[PDB]
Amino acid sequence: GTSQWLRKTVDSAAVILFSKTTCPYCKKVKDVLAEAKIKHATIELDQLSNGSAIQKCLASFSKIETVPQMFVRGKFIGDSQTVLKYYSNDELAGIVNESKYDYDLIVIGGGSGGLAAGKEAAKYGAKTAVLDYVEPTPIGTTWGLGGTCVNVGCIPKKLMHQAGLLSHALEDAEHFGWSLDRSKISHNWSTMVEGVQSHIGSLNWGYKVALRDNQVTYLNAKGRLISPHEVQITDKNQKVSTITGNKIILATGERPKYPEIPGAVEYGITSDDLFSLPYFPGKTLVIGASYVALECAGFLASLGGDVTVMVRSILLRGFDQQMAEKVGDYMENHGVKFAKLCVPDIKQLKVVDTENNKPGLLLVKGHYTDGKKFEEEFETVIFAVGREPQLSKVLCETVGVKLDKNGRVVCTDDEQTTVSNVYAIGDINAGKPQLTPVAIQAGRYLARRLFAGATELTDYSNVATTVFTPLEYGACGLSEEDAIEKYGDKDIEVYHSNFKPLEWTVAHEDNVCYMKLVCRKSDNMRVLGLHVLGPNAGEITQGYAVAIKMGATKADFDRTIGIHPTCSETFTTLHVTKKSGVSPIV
């Protein structure tokens, strides 16, 4: 296997140096490279078990077995004498810049995954370009560099969640002795939006600075892969040109879907528009039941909105359904209305007032499964009915990249597509969890395999999640119903408990927060899934994901001592099983 790895590493690395830590001839080459500002990867053979064997395999390319050995784009360049010869004759810069292609790496898409891959690749001498373009929404909304999470996703959504949580902080403060009266305080949407957008703007600018500081070429242009190594770009002035690259990373993400009903595209909005909206939505209808739908409905209600969610069937399809129902019950008891078993069939009553920054007015007609008609007026209608890629705008079908039935890219476990120099990461990689830290880990780990000879793969199993509804829901691993389907009801034991945050006592609910561990009896009570509904649920859940990755059992949870007073410590003392029928209430 050693020989196969070395051949792949030499073929793909842009600039790479084989070395030993204790060799003065290697030091001399490093100093020349440092002075000339030549970035490169380095592999220290004296820190590898099979380093002696690698030293022999190197002779298949260089006909020598000593260190140092320097390679550029698959070609042996020289030992120490030869490298210093090139440097002394002012020939070295031209050798390390020689390529059949314009770039070692072209990244199509400047989001979570693409920016992480491009920055990491450039560290090892890969000449890199990042392409990013934001097709405007139907009403014209657009934004800067950084992708979905930065501009219209995790970042603004959690900041508006925090604004909503602060409504209940204001209420709590009265009970803890502060002299304010919450019922006399109001919220100003546009003041919130301006502060959120100023933070987003600092991130757009920080990414541009980071790319320039890493010598990455940033092009604000739409990319299209027309052959394995050729990318056609269209710029802001609609000028069309072509650039070539050795490795290609597709990282173009997804966009919101709309239902195929009259008025939907003309008069409704999506999450893409919500986070920069210049007016407060007012009385709002959210159509959908995804985590995006419930997160947005939740903070709009906490900011004083009259909010309704229209649910076709169930909440949070794909998540543990006991936990999903508890999430929804909390919202319904705290100001969110639900139109259940209902679908839409949108009429305009008032145009948006762009001068006084006020919403319009819409009539929504729909129907319930029991035959009743739905007809109600709303100032704003938000569609959260899923997201999809549009790779036909990105990828000419004659290139040979395989897609699945949902339009996502079919990859091997190292992110390789059916075209061997082309890779796909992030939301468009079929079958993978669609999360920002997954995209970042995939992109950074792939850059190291391509340009630094690394072997580590990304591990996509048991990736922890948190839904940032008014009461947050964190999870790691299998739902209870999925565990029972996979292993049988007789092999599953479930420990559970309600709890109450100490913070909620003086603030005046008892038995609403909830947690459970889903375990496998025949495998030493291995923890298969962890679930918690409560405040700060993402901070609670994160550390347990390390223990689950290492194969934690119920016994491991039992022997660990709790930190007091915290919500998380309740996981360390669980004892009530579902099989026993004993109530989980306090």
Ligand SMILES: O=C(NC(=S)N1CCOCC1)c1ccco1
Contents of the next structure:
2 protein chains.
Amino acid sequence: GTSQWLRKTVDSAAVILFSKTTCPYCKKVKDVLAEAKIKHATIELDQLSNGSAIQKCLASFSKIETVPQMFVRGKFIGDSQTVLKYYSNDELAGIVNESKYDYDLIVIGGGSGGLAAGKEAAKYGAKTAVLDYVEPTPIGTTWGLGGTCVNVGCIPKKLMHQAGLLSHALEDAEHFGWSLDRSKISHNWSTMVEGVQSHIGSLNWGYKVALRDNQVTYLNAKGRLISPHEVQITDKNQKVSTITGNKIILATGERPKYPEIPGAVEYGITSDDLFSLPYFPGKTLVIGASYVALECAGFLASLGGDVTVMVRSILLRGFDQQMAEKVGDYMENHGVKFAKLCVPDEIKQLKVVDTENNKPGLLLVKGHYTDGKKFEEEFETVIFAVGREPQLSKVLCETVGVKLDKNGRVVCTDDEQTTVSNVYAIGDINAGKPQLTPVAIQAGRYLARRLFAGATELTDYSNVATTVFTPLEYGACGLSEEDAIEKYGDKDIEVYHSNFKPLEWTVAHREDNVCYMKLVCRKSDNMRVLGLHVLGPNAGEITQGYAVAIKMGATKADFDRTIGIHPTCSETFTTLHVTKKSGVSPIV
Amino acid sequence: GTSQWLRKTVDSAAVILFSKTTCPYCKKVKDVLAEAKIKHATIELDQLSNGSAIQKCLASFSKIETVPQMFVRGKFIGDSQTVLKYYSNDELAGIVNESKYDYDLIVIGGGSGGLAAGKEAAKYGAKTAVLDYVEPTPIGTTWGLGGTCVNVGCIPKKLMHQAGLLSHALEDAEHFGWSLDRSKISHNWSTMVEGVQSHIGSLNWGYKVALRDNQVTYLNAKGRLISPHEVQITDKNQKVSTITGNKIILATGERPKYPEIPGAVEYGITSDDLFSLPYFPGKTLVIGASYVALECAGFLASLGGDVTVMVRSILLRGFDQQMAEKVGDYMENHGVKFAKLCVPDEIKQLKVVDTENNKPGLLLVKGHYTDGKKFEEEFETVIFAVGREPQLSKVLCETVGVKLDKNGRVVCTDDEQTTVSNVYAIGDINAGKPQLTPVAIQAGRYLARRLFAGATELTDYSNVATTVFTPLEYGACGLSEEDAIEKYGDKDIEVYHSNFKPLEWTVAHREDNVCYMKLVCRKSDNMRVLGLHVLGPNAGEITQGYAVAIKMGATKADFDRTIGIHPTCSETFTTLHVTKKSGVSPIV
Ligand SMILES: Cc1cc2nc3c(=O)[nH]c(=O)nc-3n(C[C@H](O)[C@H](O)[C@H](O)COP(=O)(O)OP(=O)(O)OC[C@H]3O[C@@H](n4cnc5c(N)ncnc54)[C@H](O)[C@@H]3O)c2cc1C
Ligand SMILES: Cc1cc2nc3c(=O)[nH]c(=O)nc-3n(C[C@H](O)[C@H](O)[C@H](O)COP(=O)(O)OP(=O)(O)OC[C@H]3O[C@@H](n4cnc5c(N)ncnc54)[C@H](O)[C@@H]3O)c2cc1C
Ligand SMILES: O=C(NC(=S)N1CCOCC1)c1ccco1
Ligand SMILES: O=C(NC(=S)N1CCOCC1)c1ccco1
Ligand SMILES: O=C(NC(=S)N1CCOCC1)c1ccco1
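Switch from the form deposited without the ligand, shown above, to the form deposited with the ligand bound and output its structure.
Following is the full complex, with the preceding chain placed first.
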């Protein structure tokens, strides 16, 4: 075990020092590398279990069993006296900077995973480049550094969700004694977009400052992997060149799909365009039923829009369908219209967008319902949210040999390695993994540590918690009820559930029995919690802490013995007792 | 072992059936019992792993070894043939109601713990009485069934906190694009109090309905334990009488203290008076620094009041003091004034309360600082929040033999038993236990199950999480940092921490580095999490789920391997890395 690890670590690290904590000679070398501003990894052997087995194996590289020992890109450099010789003769800088490649690491893609990987690698002395380019949308929309979440995803969508939530805060304030009249207050779309975009701009700037402060080279250029170690780059003037790298991380993400129907690309938009749109959408049709579709429809309706959602089959395919139906029912009762069992056939243009006066155009949507009946209605804006896909044919020469699956995503090992040994993939393009920003960040940071600091920890992709930020939010961790029943059988599954009412909703005269939670449990395994589900306000804050308990294998008895915090929504999980099998009502 | 449990279970259960799940003669008895509306406990011997031994020890009571066996108040009643004989001869009803005492259980006190205990006991056939009486405050305030939390505690205080939080929602709404002008909106105290009190009234009514529906006798009378089984009751007409009970549960709670200074009782008020006050307090002095003091000062200032807090020594004594200082700093930066190191000497009346025009009076407060300098200022209302105390000399004759500690609270075993074998105590009067509503509820329900249904589960009072609902909320679970260091020594303690900014605060232009969290860990026990602390919005929702993980022994590694939910405040707990010993700044 120890030998294949130490070999892999020395071969991969850019600059690494084997040390001990009590070591005064080691202190001498650390102080020299610090003064020289040479970054490096450090492996303190006195804090590792097999530290003695390792110390003796280092001599197969250096012929000494003593500490400190410093290596650079696989080569032993010397002990304390020797390193000070190089430092004294001004030979050290040339030694630590000698490499077969331009960079130790090239990251293709500057989003959630790629920026995290690149910054973490540079901390251990890896010479790193991050490449980012944003292909414009069909109407020409583009944006800065940071990826999908930062510019056209989690960040602007939750800010517009908060704008919508504040509509009910205004309604509630009257009941709690404040003197405003909600009916006389309106919303200004362009004022919201300006504030959201100013925040996004601060994040674009922050990432560029962060890369420079970590000595990471940022290239605003499109990358193409043409051989295992060669990346062809095309810059903003279409100047083409080639850079070389030891390790490669692919982190290029996905973009929205369009349906293959007339007028879709020409006259519709996607979430890529929505978050910087310079006019209010007006009367809007959202086509699709993913979490993107429902999140966007929800805040547009709370901001005063006339909103319709067109649903081919079900809502939130892949999520617990009891919960998905509750999500949709709340939306329908609070101002969102649904066109059910329906698809589009054609989008026709009736008026062009008025870019001078900041007004939408007008469109005619023709479609049909699943029995055969026809759909025909006019909308000012049509938004497609029908899935996302990678486009690695742009990024990856087939001759390189990186295997993809039938969806176009990269087939990886459990340590993110592709079928080419020095090439790795992280984030949304890694086949079979949850497509979420904190997953991409953890994968990128953990991989960087394995490549350049001798770490062994892997990313754990199981039981990753989620939240859908619909008008009433939905948090989940673990299996849906139907997946648990399929895996283990109905007689081995027990479900505890309850409605609840937030205390904040009492004086505000909101609904008694719409919020809801359940625990899906396995009888034959000590009533283990397989899945947790909650529909209610602040659902992401509620859910997050329980994800640690589920990671540790919580049972129903662990929830029972823990005491609630009063008054909160979350405490209802600590006293659940009504089972679905019992048939007793869950109402409050 | 087994036989001590069986004798205790048979002796104290009111009506109990020993059974097996596959037992047609057991089903025959079950069907007769609740056709006759006879409530009872049931123990299914095949569900227990020593049921074979239990079934044999039953013969020491009944001289038979089969199931079913039915018992009433310690007496074997019969097997299947015998119970059916009593039924068809119309003898069963009188048998199940034979008792040495008027009640199987008398609960003294109708609050959080007492209502929970009484309702649970009745489920198993215990004939139960709940006594509740509310001694009026010095100015005459009184209220209905449900205890301190429902009427003058958690429920109205969090509703008034919400009214305060909505002030910032009105401010934020402009930045998110809404057309209102916060500076032209004012608050109406009396409108808010009316809505709060209408909800409280619905809870008073709901508890009376619940007790009637469970066949619990509710007496609105003051109780006094005059011997181990006799309770003297005084009703609202001063009619005095005596009732007897087998088991007694003391659940009488606490009331606010007043300082022994001139004018305090005559001219000041407490939290008992605040939540139904018919006029706005106006310019207010809060004397004290408990969570009650700071929560009340905080919402009064958010509702537009001129508020000062007079602090004898420190804020939130007994809570982590770094967190307490940050709580106070936020309040002082957001409109609360503090008179530090200061105590009151006298309250003098300048104007009587105007009960016609519905206006406060006016008071002169004289006090002094610890260095001897004088304090003198005028206020419309003075609120005392200087602790709470029981008054069991009003409930408990000294000759009964129930032992009290130096603070007047009841000394109990770990199963709530007092020094008198049939008398138990729960809730705030149980010495040494956290004084919280969910603790009192769990203790009451678990005790009723042990008395009348043969349960063995004890209440676990360790690592109970808390939240202080100040203008910026403070949630906690486990040890303070200073208690951890005192117990294990500084070299064995590692603290990870970070500032954070809620995404909702970005477009609203709120503060960058005020919200804060830390994990207090033990190095020599695998970095076990000894305490968790968070200052931020929705802190109670954030904290609750982590209480389950801490109950199961979470380590720092467990937090690290769990993935965050983005974008949330809570996710910052999943990526903490800055230690206090590194000296690295926690700002973000
Ligand atoms: C509307 C929406 C809302 C979302 N909300 C949430 C949410 O609330 N929570 C959550 O956890 N996740 C959310 N997500 C998902 C989250 O955005 C993604 O999981 C995450 O951004 C994926 O990170 P990544 O590093 O894999 O790719 P990305 O963040 O997409 O970054 C890849 C980058 O590489 C660039 N690139 C592509 N090809 C090349 C090339 N050849 N050369 C150079 N650069 C290239 C791309 O333009 C992009 O900038 C949301 C997604 C969407 C669309
Ligand atoms: C301002 C304030 C805010 C609080 N906020 C919170 C919070 O957010 N969260 C939380 O968990 N806890 C909170 N608490 C604490 C919570 O109120 C108590 O822990 C809880 O009410 C204790 O329940 P109990 O059954 O022990 O007593 P109580 O609820 O006080 O009930 C005792 C009852 O018995 C009655 N009684 C007394 N003597 C007799 C007698 N001789 N005969 C008959 N009846 C009698 C009393 O009048 C009262 O109705 C708060 C307390 C205060 C004061
Ligand atoms: O047969 C197809 N399904 C159809 S039309 N519908 C299902 C959804 O509800 C409306 C009708 C099909 C083939 C290509 C696209 O659709
Ligand atoms: O995906 C790959 N899996 C394999 S076989 N391994 C990693 C290297 O050796 C140990 C196992 C891979 C390796 C080289 C190119 O692709
Ligand atoms: O021992 C206590 N209670 C009583 S009366 N018993 C328990 C043990 O079994 C015999 C009866 C007690 C209560 C508070 C401190 O000690």
